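With one protein chain held back, the other chains of the complex are shown just where they sit.
Chains: A, B, C and D, in written order; residue numbering restarts at 1 for each.
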Amino acid sequence: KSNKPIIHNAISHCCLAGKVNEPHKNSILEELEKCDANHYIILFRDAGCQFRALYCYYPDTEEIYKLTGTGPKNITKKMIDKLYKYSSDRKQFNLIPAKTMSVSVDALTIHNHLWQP
Amino acid sequence: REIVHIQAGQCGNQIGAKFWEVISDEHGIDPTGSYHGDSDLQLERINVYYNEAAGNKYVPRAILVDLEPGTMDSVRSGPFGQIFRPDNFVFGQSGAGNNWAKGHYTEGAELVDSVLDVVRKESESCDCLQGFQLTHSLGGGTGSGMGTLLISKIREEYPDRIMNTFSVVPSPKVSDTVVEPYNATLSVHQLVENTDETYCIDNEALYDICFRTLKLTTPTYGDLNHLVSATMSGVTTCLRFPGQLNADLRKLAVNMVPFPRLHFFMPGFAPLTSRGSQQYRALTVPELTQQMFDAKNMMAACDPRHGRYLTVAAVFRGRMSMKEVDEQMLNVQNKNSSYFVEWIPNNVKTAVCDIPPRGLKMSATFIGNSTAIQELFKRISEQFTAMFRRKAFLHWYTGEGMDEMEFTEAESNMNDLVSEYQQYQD
Amino acid sequence: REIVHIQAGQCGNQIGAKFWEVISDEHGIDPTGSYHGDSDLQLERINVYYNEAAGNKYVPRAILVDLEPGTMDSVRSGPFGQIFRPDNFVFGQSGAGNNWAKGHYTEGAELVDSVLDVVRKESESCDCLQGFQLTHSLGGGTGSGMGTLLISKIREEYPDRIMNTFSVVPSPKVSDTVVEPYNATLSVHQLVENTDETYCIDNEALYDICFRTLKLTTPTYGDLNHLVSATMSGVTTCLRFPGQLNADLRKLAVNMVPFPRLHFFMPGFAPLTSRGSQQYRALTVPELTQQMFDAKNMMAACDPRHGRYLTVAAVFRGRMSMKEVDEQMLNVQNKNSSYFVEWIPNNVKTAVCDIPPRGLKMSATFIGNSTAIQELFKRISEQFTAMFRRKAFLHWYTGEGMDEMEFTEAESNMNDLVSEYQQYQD
Amino acid sequence: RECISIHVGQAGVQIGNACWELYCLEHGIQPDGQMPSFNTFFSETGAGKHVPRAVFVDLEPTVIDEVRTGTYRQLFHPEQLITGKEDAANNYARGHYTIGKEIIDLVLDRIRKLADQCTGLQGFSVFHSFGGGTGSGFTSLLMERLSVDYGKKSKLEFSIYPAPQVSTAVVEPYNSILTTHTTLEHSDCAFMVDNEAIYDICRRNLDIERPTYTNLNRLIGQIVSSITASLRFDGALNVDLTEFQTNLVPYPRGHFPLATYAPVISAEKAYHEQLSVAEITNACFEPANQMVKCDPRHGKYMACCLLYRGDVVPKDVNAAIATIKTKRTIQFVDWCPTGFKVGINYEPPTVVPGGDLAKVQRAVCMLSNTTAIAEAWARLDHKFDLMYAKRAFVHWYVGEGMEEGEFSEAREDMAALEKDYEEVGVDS
Partner (left out) sequence: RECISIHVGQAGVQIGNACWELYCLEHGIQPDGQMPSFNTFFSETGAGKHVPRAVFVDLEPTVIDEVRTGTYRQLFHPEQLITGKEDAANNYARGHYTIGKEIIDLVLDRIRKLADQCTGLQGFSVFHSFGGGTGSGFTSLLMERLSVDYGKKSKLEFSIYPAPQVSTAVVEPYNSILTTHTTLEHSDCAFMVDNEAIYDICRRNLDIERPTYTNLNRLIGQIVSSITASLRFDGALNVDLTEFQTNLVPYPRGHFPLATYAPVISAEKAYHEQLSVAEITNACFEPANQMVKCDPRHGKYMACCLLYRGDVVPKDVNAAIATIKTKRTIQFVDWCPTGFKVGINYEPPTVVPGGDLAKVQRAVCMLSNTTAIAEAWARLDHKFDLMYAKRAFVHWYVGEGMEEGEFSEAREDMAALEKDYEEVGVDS
């Protein structure tokens, strides 16, 4: 199981779609092929779904490590606030209730004080 | 739980014209889109097939694909084109001329971006999708040429939905072009990769059913597709209508498919009788399973008494008792267990729908998965190996930009597909 | 809260003739000025547009400006010139011949002193002013030439009122004179300085709307302006008619304009459908915002998927629920937030009017502010830099008394205006 | 003094469509809620109307659309009518994990409303199947959560076991292997229901040649009404369910009782009929009336619990106990000398207007723990090992992210299940 085609279905259509975002995503699609992980998570600031960064979270002790983008290096399971997924028919992001985070979760958001101004 | 029926080619636009003829007649709807039926069964499940517009007008959720207006001009000028919106009428000019490389690679790709935009405009209007439906021929240049480009892009977009097509197996008796086995092998090279399942439909087998079993004189393409639409709507409405064994097609996709590349089905229609034996025959559950086991009632030219059944689906319609169903299902397994695979004791899936058909008190639909499907696959490959050497009419596709080692890979995938059946035959 | 619509040129006098056609028809008024409607909505807000004379005769508060009688001779001899007083018919002889320097500097100033005297005779007769309305073309020699002289003097007189015009963006397909980009650049050099806001209207974009979306054969200037008057009266009557979100244009001028020189709008008309899909389309709030986001329904030839939205106004008409409005407004922001500016989370202003239109149960009007407005500004400037070098037909305006470094300052103002969009695009 | 019935899957809801109609038969209850006199399955509103304590679970709306559009919908509440939108696709991993995770947040939230409404909760019962997608997956999802939340409540399941000859899906042995270890882990008592033995009861003891699932649930829930609704109703010996869990399950992992019932009289069989107490218990010892295709002759009896209805004289029961000890072909174990529990209710059993069962003066239910149950598990394991050898259908759960090593792990748990009957079967 893997999130990588679903993540490639996400940012190529929802987040990084844009002619100005096209040089930005070209550094990212090559980076996903280098990564050995199957489970890919996208970083967001608020519920407005603004593409911040992308993470490599796995439900085991594999790292949260920031793959590409601007964000903190380590994100703890306390730091998460809301869990995100993708709808292919909607091409938007739907809300998930609080649960054990795993492969079916596609993205997240984190705490506001964890952001720096 | 909604289904889009994207129809492609001169064949599949003619085939599905008979299909939505049945669907409007099944629910008792005026040809302009106005409901005049009286059942809540005909009222609740409209959402699956029809888009209700203002003024009780139903937009059929079905897409017509061709590179020529000519097939769609007759359907529009004829009946049941009035219920269709002009957004379903998407075409170009001119056609590919039964050419795969023109419909898939060079010229047919230009219309698909307009076609898949309508798919996105339809799927955003849909509340909940369950799977997308297609119908073409394997020798269809605009049917299968554009279609393999479609399913490759939709599976890229929608991995979670049922991706099936209704492809027509090319008959050796029915020959239009000589590069038809070229078109079939290049399709299966992508149809195994891109589709979740499909059926095996041969017109030559349907030629026998009209005359030997139904005693009909002149089988026309509408009369053939009238039987196919009885099998097309015989399967998918059981997902819609209630029953004791409500058989989802995605439930059916799990139970019938043991290996994701082994997804080829043998359809069959059970209540086949002529009007002379209408006064001679009683309609019982053992009577239909007698005709479900009948090789003459199969929609593909294969010998299931030569092959071995991987999985069997038994789609049923009518007010049936569970005792008569289960005991008759067991007795066929007691009789002909040698035509089954060894490592599964129950190779037959039962599917009873409580909602009876119109006119008939009982009806049923056979779906089988046998190892004799590779027999027609040898008919394509042996015709392919003769054509591949002498390169007859190859310069037409060579000017399109096709490579010969790409054809060998499609041949090797056909060589793989036969050998996959050989691993599970014996 | 009254509005004067000063119409200038052969274009805007023909454009606004279609406008007051709608206004008399909106209130159900005889072509001689007699009210025959039956609503207090058609009875209370007469003061904003019409001057009631003795005997239930309504004088339209609109001024017709030209240096030729010919455009006004057809409207006066035709219908709806009978409601117009003879004081509205102010002209000279002869015309400028689409010349900016003749209409603004040498010959056109002689009539403006008579025209602005009528403005003072009208504004003293008014009870309360809210803003002054204009309409011309950017390639209008008598439309924009006299008009930039008007707005420069009225802003001197009345700084506190809404100073807007409805200027027509010149099309590269529509070529009448070669010094039309000379006339457009010299206008924007004063229209940014003197006006409070304006719209962006391109006839070439309207050519696509009539044929691709409405399926019409021969778009005439009346057929084009019939669509524009649906957008002209679609905005300003919401200031007049009551609603839950009563959107003043001066409230709209605050909410849509972040930088005082950046006051250019992208209008759009939402209920655009032909008469064939009249029996096929349901009129809902998600249906219209689907067509509000449609780039094909824009009144200016720009790509909003290339540009980025500064501010968005959503003018609505009809009995709509506040839940369906706000949730649909949010979902578009959830969908295409990349086409928005970063530093504002709500780039869409909602404007719901409770009063429904006539005939339509629901209607809406899109107003956008994108960074793609500079694209058509590059179309003028690149044509300007070619024309400025070779000095073709420059001796006509040179004899009028114009300087070349004055033209460079208008070019520098055009260069600054594009760069201001460049500062806020990315 | 209350409990809640739970119906998960297409199987268990179609059971509960008949059982709450059977519960309306218990007092002649109107479809709106009006009844003269009973709040154990019900909650009374201020208008004198009663709502069921029912949990209706199906991820398919179709069975839910059957319930909300039929009779007795005035009794039912949308809190009770819990529906899904996407099918589980007859899968355990989609029932337990993938599809059921978006609904269990609501479903557990609905139960905590209803358990707050209860005053003295005794427990609950779940109706489902072993080989389904919803009734095996989401049941494994739900019973895992209810055992964490409510540890000291009754955890009952009356579950349908598919026949080794009759199975409607090939993945029914492929689902039930992962289901059973999770089922044995959390449940306090679990029954098995084999419809093929029920087909034998209808064709011979009722002479019904055309039964459907409607007529099957009539006979099943009538036994359940003598099991559930009758033990609260007072008789000569009033015994509840809480004393059964001690006296029928003395084992850590032994709670698979065989539910039997053999007063089974057709409408024409009632004219030639006179049944005493011992004569019915002889028919309960018949292999045809065991409700599961098994052979009790080659199984070792751990316990024999008896539930009675109607015309019961306890002095005649003592003669019937000596009658059973006279007719011994039972192979009763030596770990308990003579533990034969009896439950007696004075009230006569009910008969549905519209069913094919005749009116009787007395009804006898018998519960038993036998060692012939593992032969039905032996049929399950041999089917699964052939599927595990060829690795057919394995991509439907590895595609869901399940492990092949977990699949043989539950087989060793299924092996550990058959070790439990071996430890009881060998030792004495």
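A few remarks follow.
The definition used in the following text is that contacts are C-beta pairs under 8 Å (C-beta built on N, C-alpha and C of every residue); 3 or more make two chains touch, one makes a residue touch a chain.
Within the set C:30, C:204, C:248 or C:375, the residue that contacts the chain not displayed is C:248. Note that of C:221, C:259 or C:393, the residue touching the chain absent from this view is C:259.
Considering the full assembly, C:324 is the residue among C:52, C:110 or C:324 that touches the omitted chain. Among C:40, C:113 or C:176, the one in contact with the hidden chain is C:40.
Contacts to the hidden chain, counted on chain D, fall at residues 45-47, 49, 51, 77.
On the side of chain C, touch with the chain left out of the figure occurs at residues 1, 40, 44, 128, 242, 244-246, 248, 250-251, 253-255, 258-260, 311, 320-324, 326, 329-330, 343-347, 349-350.
In this section, only the chains that are shown with their structure count from here on.
Chain B and chain D have CA centres that are 41 Å apart. Chain A has residues 91 in contact with two or more other chains. None of the residues of chain B touches two or more other chains.
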